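Heads up, the chain below is alone and in the form deposited without this ligand; it's given as structure tokens.
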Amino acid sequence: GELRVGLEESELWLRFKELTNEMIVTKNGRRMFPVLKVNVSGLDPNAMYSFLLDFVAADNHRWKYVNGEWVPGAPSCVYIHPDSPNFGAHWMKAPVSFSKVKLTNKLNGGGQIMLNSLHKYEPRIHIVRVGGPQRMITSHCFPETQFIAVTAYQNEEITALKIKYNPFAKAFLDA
């Protein structure tokens, strides 16, 4: 196939993956960091597509953080990228960033993807053809972006990188 989906900023994602990544989930929705950003080529530049994001279990068991390490102890709803629907040229000319998806531990509203806390999840992206002869769906999972949903950060080394890179955490970037 012509389609090519690449995870942008993989170096940054692997820095979090190494220490086991954590994404805060809140009742009101919490943005991800790092932000999932995808590079796409191979779409028809003049065809219409919608990008979808959901979250798949990365394993089967509940997780627990004890003594500085992670120990064992259903697919989410889908989020539509706010640029959808759009032509393939739009999706290809710049990386598709899911900067506005919010993760939550309660089904309290729309636009927020509910996650079960202390479980490992893998982001999965779907490219949906809009108005073609037939339905085209492609799935793309990125192992580098696996994480455990938490209500509070467990590994402080993750907290440090979150502070180091998320501009919204700049006030804590003193140390």
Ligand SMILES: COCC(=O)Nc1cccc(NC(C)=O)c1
Given for the second form:
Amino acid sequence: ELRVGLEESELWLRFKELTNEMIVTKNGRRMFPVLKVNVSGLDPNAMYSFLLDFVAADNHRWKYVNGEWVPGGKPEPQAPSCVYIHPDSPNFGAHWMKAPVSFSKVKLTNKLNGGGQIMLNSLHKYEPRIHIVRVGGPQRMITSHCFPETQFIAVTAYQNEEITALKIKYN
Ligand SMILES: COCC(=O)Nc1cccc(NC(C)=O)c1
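Any chance you could show the form solved in complex with this ligand after that form deposited without this ligand?
Expanding to the full complex; the earlier chain stays at the top.
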């Protein structure tokens, strides 16, 4: 059985219990913590690409009001995010299973951008999601996995200083 697990869930849960925030910039900002995924049960000899996207967890705009995140009252449908191709793709199962798959080079932006960078809407709440695509083979296959522990609100600057402090303490 294909098993997908979160590396350093310990640390992600500290961020999550405070409400996690990720900076987005016009040029694109890398994530901290970095999404690292433990993968077992692939065919060592089969070929796979790892894809990352961000699901809008709800349809609302969020605001930091008197030290607390609170949703707007006017939902709008959230067009799905673009997909980030893990730069080590495509690769043998063996490659993906020999160390945690680390999305250290994805950059989060607030502006439609040349390439690489993934555009998010600021003050929306996002749930990271990967797709493992079996490629080259006759029988194309996709397995998807969500990481609730890694939810965050996209922000142009940090609102909750407890987050600012965790980010610095653990970077
Ligand atoms: C929007 O389409 C999503 C996508 O990028 N698919 C996709 C699937 C499998 C492999 C690759 N490309 C590499 C470089 O491995 C791309």
